[PDB]
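Here is the structure we will look at.
With one protein chain removed, the remaining protein chains of the complex are shown where they sit.
When the chains are written out, they are named A and B in that same order, and each has its own residue count from 1.
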Amino acid sequence: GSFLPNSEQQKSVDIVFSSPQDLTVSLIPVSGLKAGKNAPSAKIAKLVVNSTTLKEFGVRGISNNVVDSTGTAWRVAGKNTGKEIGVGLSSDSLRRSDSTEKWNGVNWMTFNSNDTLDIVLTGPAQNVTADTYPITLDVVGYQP
Amino acid sequence: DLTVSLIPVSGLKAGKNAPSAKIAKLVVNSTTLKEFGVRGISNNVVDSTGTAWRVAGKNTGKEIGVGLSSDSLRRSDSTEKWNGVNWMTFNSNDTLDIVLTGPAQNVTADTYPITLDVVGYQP
Partner (left out) sequence: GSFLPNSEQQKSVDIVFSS
């Protein structure tokens, strides 16, 4: 047989894998918190995560004492007193997850980029000593 | 002569993708030629027939393995030589699938180019 050199053609096209890319984040302490006996699930901070090119954001609390398998409840220590309080995502916030994902095994709960979520005092009513309590969260883009 | 269409699959997704996921359809039609040969063209062709090769994220600069699907390869009429160069041949008026070769490739969220050379063959 034979090849027809004059019939040779090059064809090119673009392939696109999309749209997961990026996000912005903001963590706002609640005003007017008072020491002493607090209401159950008292709100203490608002988490905002925003984005166009992403949707499922993952979030975990980071501290010296994380108390559940998804890192959505943990304990933090007061700067001046060292006293511990229990903090975490509110029950309402937990019920608004998009999924419960396992980053190569590590669990995360996921949420729509652009939602706000509430961080609360967890469990029954807590008696909180006047102090400053640091909270740290890690946020991440998840992608199905 | 030959009329060639190369059609990207739409809505593809980032990160772990299916092994052999389909990524493009090659359509070769002819009224005059019974067969055609095809090779991938890139900066890294990885087999002796040019039916598997690598390409990369235009913005992120990272690679992916692509090539004819195993089903498509098994539809070949023959592998012929043009002055010593291997070209796998296929019936004209057929479609073939280009796929992600190898395991569940972690495709990065980007755009990737593919180039093929197609030539008429008369057996």
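The definition used in the following text is that contacts are C-beta pairs under 8 Å (C-beta built on N, C-alpha and C of every residue); 3 or more make two chains touch, one makes a residue touch a chain.
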Omitted chain - touching chains that are shown: A, B
Contact with the hidden chain (one of A:25, A:66 or A:67): A:25
Which of A:7, A:18, A:116 or A:143 contacts the chain that the document leaves out: A:143
Full-complex contact with the absent chain, from A:13, A:15 or A:54: A:54
Chain B, residues in touch with the chain not shown (by the definition above): 13-17, 106, 109
Residues belonging to chain A that touch the chain removed from view: 20-23, 25-30, 33-36, 44-45, 54, 58, 62, 76, 79, 101, 103, 108, 128-144
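The rule is short, and it goes like this: only the chains that are shown with their structure count from here on.
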Inter-chain centre distance, chain A versus chain B - centres from mean C-alpha coordinates, in Å: 41
